[PDB]
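Beneath this line is the structure, given in structure tokens, with notes to follow.
And then chain A:
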Amino acid sequence: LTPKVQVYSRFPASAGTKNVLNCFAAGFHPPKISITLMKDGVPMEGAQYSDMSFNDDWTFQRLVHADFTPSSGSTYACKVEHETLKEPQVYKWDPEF
Partner candidate 1 sequence: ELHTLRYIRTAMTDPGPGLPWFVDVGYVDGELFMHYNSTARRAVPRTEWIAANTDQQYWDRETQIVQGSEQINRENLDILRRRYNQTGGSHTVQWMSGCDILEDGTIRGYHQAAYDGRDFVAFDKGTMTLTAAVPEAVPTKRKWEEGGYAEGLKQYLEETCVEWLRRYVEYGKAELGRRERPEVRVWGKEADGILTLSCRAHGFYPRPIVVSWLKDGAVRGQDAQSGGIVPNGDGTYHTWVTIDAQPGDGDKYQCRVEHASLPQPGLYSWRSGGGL
Partner candidate 2 sequence: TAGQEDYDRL
């Protein structure tokens, strides 16, 4: 029951244009999870944590999204902390991938 995380954007990435950064994690137990979006290793403001829901095989899923503006030189990533993981998994977001 290890969390499977995937980092992605709502709209195709553009410089100086408003976009929503999403971090989805599914298939984990216990339901307690720490999903945080970050810019240059520093957490992002306006995080929307919604909500605790499980799949048909009783495996939990969580979506965390925040409105941001992509900038050149800055790196965007997602940090996930879990009791099963031991080491926190970090997934890097790429505007051209």
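Behind the choice of candidates: all candidates are chains of the complex that A comes from, given by their letters.
Convention: contacts are C-beta pairs under 8 Å (C-beta built on N, C-alpha and C of every residue); 3 or more make two chains touch, one makes a residue touch a chain; residues count from 1.
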Revision key, fill the gap. Of the candidates 1 or 2, the one touching chain A in this complex is 1
Review point. Considering the complex alone, what residue numbers of chain A touch candidate 1?
Key: 1, 6, 8-12, 20, 22, 24, 29-32, 48-49, 51-54, 58-59, 63, 65, 83, 96-97
